[PDB]
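First, one chain by itself: the form solved without its partner chain, in C-alpha cells.
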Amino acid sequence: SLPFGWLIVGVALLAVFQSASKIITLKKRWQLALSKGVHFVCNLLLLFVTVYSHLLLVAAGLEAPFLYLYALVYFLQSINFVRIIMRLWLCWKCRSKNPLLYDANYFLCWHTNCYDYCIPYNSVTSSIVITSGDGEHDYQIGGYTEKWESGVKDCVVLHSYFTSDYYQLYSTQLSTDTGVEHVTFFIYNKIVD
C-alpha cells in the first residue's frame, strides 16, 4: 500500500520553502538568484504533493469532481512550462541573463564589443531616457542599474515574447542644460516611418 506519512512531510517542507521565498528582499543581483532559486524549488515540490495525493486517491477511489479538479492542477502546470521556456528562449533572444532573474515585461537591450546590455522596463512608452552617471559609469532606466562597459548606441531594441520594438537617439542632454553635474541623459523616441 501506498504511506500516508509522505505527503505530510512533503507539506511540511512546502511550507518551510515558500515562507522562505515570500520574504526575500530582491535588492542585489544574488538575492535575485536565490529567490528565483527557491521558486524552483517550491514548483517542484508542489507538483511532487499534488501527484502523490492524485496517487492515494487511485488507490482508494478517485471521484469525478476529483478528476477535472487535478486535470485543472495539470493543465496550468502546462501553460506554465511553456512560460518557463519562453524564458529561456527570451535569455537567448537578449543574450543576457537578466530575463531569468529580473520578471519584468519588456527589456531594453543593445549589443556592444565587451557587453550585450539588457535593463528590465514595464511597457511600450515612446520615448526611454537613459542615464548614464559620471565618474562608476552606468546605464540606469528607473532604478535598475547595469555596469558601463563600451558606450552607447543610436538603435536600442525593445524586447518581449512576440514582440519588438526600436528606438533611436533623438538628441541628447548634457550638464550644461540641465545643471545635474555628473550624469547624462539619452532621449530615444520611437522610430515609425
Given for the second form:
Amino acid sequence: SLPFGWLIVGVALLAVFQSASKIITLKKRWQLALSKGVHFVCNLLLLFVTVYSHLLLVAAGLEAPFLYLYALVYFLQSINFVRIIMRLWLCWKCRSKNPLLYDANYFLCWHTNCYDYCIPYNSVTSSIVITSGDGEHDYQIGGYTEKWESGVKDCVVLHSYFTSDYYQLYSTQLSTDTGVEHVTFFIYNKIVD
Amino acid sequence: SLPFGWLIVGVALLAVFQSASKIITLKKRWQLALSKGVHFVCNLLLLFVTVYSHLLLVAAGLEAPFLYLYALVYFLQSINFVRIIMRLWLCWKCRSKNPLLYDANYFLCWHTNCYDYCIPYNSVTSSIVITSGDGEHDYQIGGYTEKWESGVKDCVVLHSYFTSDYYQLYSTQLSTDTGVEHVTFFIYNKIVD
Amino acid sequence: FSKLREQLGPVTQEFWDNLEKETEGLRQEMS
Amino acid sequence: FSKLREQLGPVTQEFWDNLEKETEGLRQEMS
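Output block for the form solved in complex with its partner chain, input the form solved without its partner chain:
To see the whole picture, the full complex is given below, headed by that same chain.
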C-alpha cells in the first residue's frame, strides 16, 4: 500500500519551495541560478505530488472522475518538457547559459574569439541599441549587462526558439555626438531580405 | 471531520494551474494578464493545500514534526503578501498597471497630460536610450514597447520598490545622424545628486 | 531536431493567435 | 507607509548581500 502521509510531506515541501521561489530577487547572476534551481525543484515536487495522488486514487479505485484532469496535467508537463529542451537548444545556439538564466523571449548574440555575447531582449525591433560603458566596462541593452571582453561586431543576431533576425551596425555615437561622457552607443538596423 | 479527498482535489487543481502557468508565452499584453491571473490562482491553491494538509495533520495529531515547515511556509507567504502590496504601490507610483503585468526590477516612467508611460527596465544604468518609431508609432526600450500618445519629456524617472533615479534628456538622434530611417533615439543621462 | 523545430513554430503561433481570436469578446468584457 | 518602505529597503538589500557572503564559497564550489 501507498501511505497517505507522503502526499502531505510532498505538499509541505512543494509549498516551501514554491513560496521561496516567489520571493527571490532576480538581480545578480547567482540569484538567477538559484531561482532556476528552485523552480526546477518545484516542478519535480509538483510531478511527485501529482503522480502520487493519482496513484492514491488508483489504489482507492476513485481515479475515473479525475482521468481528464490528470491527463491534462501530464499533457501540459510534456509541453513543459519540450519547452525545457528548446531552452537547452537555445543555450547551445547562443553558446551561452543565459537562456537558462533569463526568461526573455529573445537573445541578442554575437561571437568574438574570446567570448560569446548573449543579452536578453523582449521583441524583434527594427533597430537595436547596444550601450557600452568603459571603466565596470560593459555592454548593456534594456538594463541587461554583459562584461566587456572584446569589441562589437558589424553584425549581431537576435535568436528565439524558431527565428533569427540579423542586425547590421549603422552608426556609432560617441560622447562628442551625444554629450554623455564615457559612454558609446552602437546602433544596429535590422537587415531585411 | 475533514475528508482526505479534498487534499487530492486541491493538488490536482494546483498541478493543472501550475503546469499551465509554466507554458504561457509572455508576448502580448493579454497573455501577460492571463499569466498573472493564473499565477494568482496558483498561489491561492497552494495556500489551500498547505492550510488543508496542516489541518489534516492537526486533526490526526501528527502536526508537531511539521510545524517548523508550515510556519516557514506561512512566513514566506507573508513576505509574498507584502511583495504584492509593494507591487500594487508601484502601480500607484507609476500610474500604470505595468508593474503588475511585468516582473521587471525597474520601470522607466514619465508623465504627459494624456498618458503615463511605464516601460520595464532591468537595472539602474548611467544612461537610458528610448527608441521612437513612427507610423505602429511607439516608444521602445529593451524590446519593450509602449504605444505613442505624446512627446518625450526632458526628464524621465526610473522607479523601483525603494528607489527613484532621474534622467535628463541629453541628445536626440535623428535619421540624418544615425542612418536608421523613421527612427529617433532619445538619450538620457542619469542625474547625479 | 531540425524538422521538429520548424514544425513547432507555426503550431505555437497559430494556437496563440486562435486563443486571441476566440477570447476577444471576453477580454473586452473584463476591460 | 513611507516609514515601512524605508525600513524594508535596506533590510532586503542587506539580506541578499549577507546571503551572497555566506554562499560565496559554495557557489565557487559549484563552478
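Numbering follows the first chain given and starts at 1. Think of the rigid core as the biggest set of C-alphas that the two forms share within 1.5 Å after superposition.
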Practice problem: Tell me, with the core superposed, which single residue in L55, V124, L47, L62 has its C-alpha moved by at least 2 Å between the two forms. | Solution: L62
